[PDB]
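J.: Each chain, written out:
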Amino acid sequence: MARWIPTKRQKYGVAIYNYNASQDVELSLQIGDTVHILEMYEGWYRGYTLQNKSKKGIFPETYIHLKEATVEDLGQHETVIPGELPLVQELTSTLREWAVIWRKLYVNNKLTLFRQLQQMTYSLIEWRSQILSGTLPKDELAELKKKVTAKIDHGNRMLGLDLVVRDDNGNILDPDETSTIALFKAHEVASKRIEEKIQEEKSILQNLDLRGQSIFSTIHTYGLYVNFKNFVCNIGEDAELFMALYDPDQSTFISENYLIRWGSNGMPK
Amino acid sequence: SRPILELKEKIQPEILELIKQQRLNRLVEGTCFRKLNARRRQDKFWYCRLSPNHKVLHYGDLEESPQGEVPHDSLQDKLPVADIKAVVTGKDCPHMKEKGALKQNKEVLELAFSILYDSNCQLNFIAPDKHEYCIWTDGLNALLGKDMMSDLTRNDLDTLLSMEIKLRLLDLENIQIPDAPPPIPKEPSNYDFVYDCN
Amino acid sequence: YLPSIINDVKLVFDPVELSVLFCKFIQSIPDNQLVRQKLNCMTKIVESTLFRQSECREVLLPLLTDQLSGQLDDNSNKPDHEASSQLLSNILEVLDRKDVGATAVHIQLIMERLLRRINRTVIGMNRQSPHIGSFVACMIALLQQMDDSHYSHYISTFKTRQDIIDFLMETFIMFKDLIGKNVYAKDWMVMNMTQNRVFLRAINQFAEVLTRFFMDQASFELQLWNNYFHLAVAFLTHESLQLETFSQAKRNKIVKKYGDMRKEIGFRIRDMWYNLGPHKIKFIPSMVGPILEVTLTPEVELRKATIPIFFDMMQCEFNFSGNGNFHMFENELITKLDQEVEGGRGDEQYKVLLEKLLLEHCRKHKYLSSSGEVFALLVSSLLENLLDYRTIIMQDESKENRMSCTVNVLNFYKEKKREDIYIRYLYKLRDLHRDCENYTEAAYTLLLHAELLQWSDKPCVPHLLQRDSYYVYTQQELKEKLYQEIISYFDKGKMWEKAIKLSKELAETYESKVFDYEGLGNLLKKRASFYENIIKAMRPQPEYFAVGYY
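Heads up: the sequence lines are chains F, Y and B, in that order.
Note that the entry's author numbering has the first sequence beginning at 1, numbered continuously upward.
Note that the entry's author numbering has the second sequence beginning at 530, numbered continuously upward.
Note that the entry's author numbering has the third sequence beginning at 819, numbered continuously upward.
This is chain F alone, in the form it adopts within the complex:
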């Protein structure tokens, strides 16, 4: 070991498995041990670890999955798609704090919210995994962004965690001291989300029709799907089935007749 050279192109010090403890400064390094390496050797890397950002560890290059990227994913264009990667790092930190409060949870009879946190967690991790790829359509991108933001802020709200802003594009632009009043209105937008979902906890988590009313107040077109299975009738001849929506109060049909032909054998023709 010698010849160390400072660089920042090694932010993503990625292990492979629990590292051997060969170094006096290394251990069974965890899988997620993304370490801020300060000094780089060809076969080895010593620098700050996520677990202890004040303590070094010399770590094999073969063990490091080298990644030139940094916390910024656009300067080196590491983005799978721009305006999304900040979201993944923030949600990773968010899952970290989820784990911490989780630790704090089991030791307490907060089990109800604990399991609802479990299912929040499963939803969020699967969304994370599915957005690991950039395959989604831009509408899917935006919808994922919005809903995961809603869920993470929900986790924040019942847990008494602070709020974030800048709904889109990483939730970072607004906290970047761009303005003052836009900061305000963003904060109240978030508080509106808070109030929406807290009042609707007792609406959806208990009942199931207020959610339908709220969702249907947003869209106008709907389609009734009908899947015919079998006609049970004693006719013995060719039969035409004109099934359509009807208004008994208005004494008229509401949808066009869907002609279904039924054979004389008991089977549709």
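Read the hints as simulated data drawn from the structure, not as lab findings.
Just so it is clear, CB atoms sit at the ideal spot from N, CA and C, and this is done for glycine as well.
The reader is advised that the hints may include incorrect statements.
Partial chain Y-side listing against chain F, Cβ under 7 Å, derived [claimed, not checked]:
(1) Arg697
(2) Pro717
(3) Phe722
BS3-like mimics (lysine-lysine), calculated; alpha carbons at most 25 Å apart, straight line [claimed, not checked]:
(4) Y:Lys675 with F:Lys104
(5) F:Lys197 with F:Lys104
(6) B:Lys1081 with B:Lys1122
(7) B:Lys856 with F:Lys185
(8) B:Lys1235 with B:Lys1154
(9) F:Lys185 with B:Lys1075
(10) Y:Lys549 with F:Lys104
(11) B:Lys1004 with F:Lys197
(12) Y:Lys626 with Y:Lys659
(13) Y:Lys584 with B:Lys1217
(14) B:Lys1074 with F:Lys55
(15) F:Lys192 with B:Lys999
(16) B:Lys1310 with B:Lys1299
(17) Y:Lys549 with F:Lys145
(18) F:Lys55 with B:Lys1071
(19) Y:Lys539 with F:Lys104
(20) F:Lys11 with B:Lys1074
(21) Y:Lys695 with F:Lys151
(22) F:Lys67 with B:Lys1074
(23) F:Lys151 with B:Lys1004
(24) F:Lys11 with Y:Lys695
(25) B:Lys1316 with B:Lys1354
(26) B:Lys1276 with B:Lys1331
(27) B:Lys1068 with F:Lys146
(28) B:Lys1071 with F:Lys104
(29) F:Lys8 with B:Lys1068
Use these hints to put chains Y and B onto chain F, whose structure you have.
T.: This is chains Y and B only, laid out in the frame that chain F set:
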């Protein structure tokens, strides 16, 4: 997932000790426990609280309290933790083998647990149902410092261990772990770091 | 709907002609017609066509200012609170735009024409439940967009010094009543932090204005520093290590984004305190305490910078020590130190650093600093006492240990004769015993207090005047109330010998000094009951055990 499983179960103890300290908290907060044959105006409910020092047990013939534990000097605030031989669970309970007026029916077969102490005194107690019964047994073996006997405890073990390992595999995304560990590059024996330390 | 056209109308018309025409039409509105509607109108107006400003901003605004200043206080501002806030918010936002055009001088005009107005508003607009937060947002936005050169431009250059003084007073009290009793859900942490930054900027500016218009050059009217430092300290009394700690990034997040505010705040206050110069002595005893807690801040550095101010204060007294020494200083020092440490603030390293710094400082200085050295030794003894007390209190939580340590500190104070805090801990212990219903011990404690008093009529020291009730209370009367309570305790304490004993002295005092024979009668009635109890009933004998701690 062979290296994955090896690494996973190999960093075990933290989850175990977390479970055990949770059991400790549960014992301390405790509840009103169930006596034997509390029919003829006998308090079936009575609290058994562990000390915050977890060295004495606050229990006794307490009243039918639906609120649960009341913090005070129970009828006996000491259970000698340092000398408990064991707790008998099931048929090992001598009170279950009773064939007189203290006949415990077969429906409390899994609520029979008696603390062994004084080599002749026993505490034939009853749990309201299985999960807390296993919880109290787990808490006792935690005082005993051995393995657990709650199915829910194994549940917690597997689920939380899975959660933790799952939240570690984020760095190794789009990456593979050679089941054979990667070969160690030869570290030059010289420690004369050309660059400074820290 | 007239606003709805202005965009393309501009696109096919002279801009300023439109500006003046709309201005004329609006000012032509009688002053009591559709205020809500007109404010909405000008809102839509300032929305568009203000992306260009050089020709219209300067001319459209004046009317806007006029109606908003009428909205300042015409006693009919109740319906238009939110409307005015909306107007101001939107226009300020528009101003913040950079690509739209240069507005620095226009910002100056907006300062000149609405700043005092809105400050007056918020100072009046004082109830939290309404949308006061909107006004707060508006004014902080103003201050953020504002410039320091702009700050001193006119706000420093007002009319006669009394006007600017009163303005400054109002500004400071408003800042305090904002920082104190904040306006946000405490979840808008980013917003809180931003508010802190803008408040920092503003109070900085007002610090330089104090230096340049209220230092010795203002030979008198130099009181404010009380209010000013109060505001500063209060602002220095939140957003602390633990809050920073809740997430590990939380420290890192705020530090990267903002750093340690408290660092700069304390450094600023330190240097300006040094700048106070001659008036330090005329300003020490009141403001002594207000600097301990900031010194007690959990960080390291500004603490390092702050303890020396204690030595500066004692030295300033040394300059005034022609009449005595820093006794008046150290008394308040010890007192406030006591409440704070028992409050659970300091740390061991804190006391170590205190000893180190103050001893080092006093070595450089003379005999009076040697007395200060021995008093700092006293201080460190106090500190270790208090740390021991608090650590045991938080550790065992067994009432017995609590009594043990509180007696320890009581003995130490008795040794140090600082009697007021002594009484305070006496009452603490009394509370404890009442919790344990140890009526005997409670009576002994309360007596030990009452022992201090005299049957004299003058209340000689309000130190004995405790916080239970505080007015004249001749020493006699307080002693009488104490004896009444103690006798009651002993009665329900089932130990009547001392009860009768004390009844004797109380009756003596009644007969010889107050002559209220009614109290005599009631008291002797009680004493007869006592004797009856003693002869009649029997009392169990308590066993006494010896305990060997090894």
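J.: Honestly, which of those hints from before does the structure not fit?
T.: Per hint list: single violation, 17.
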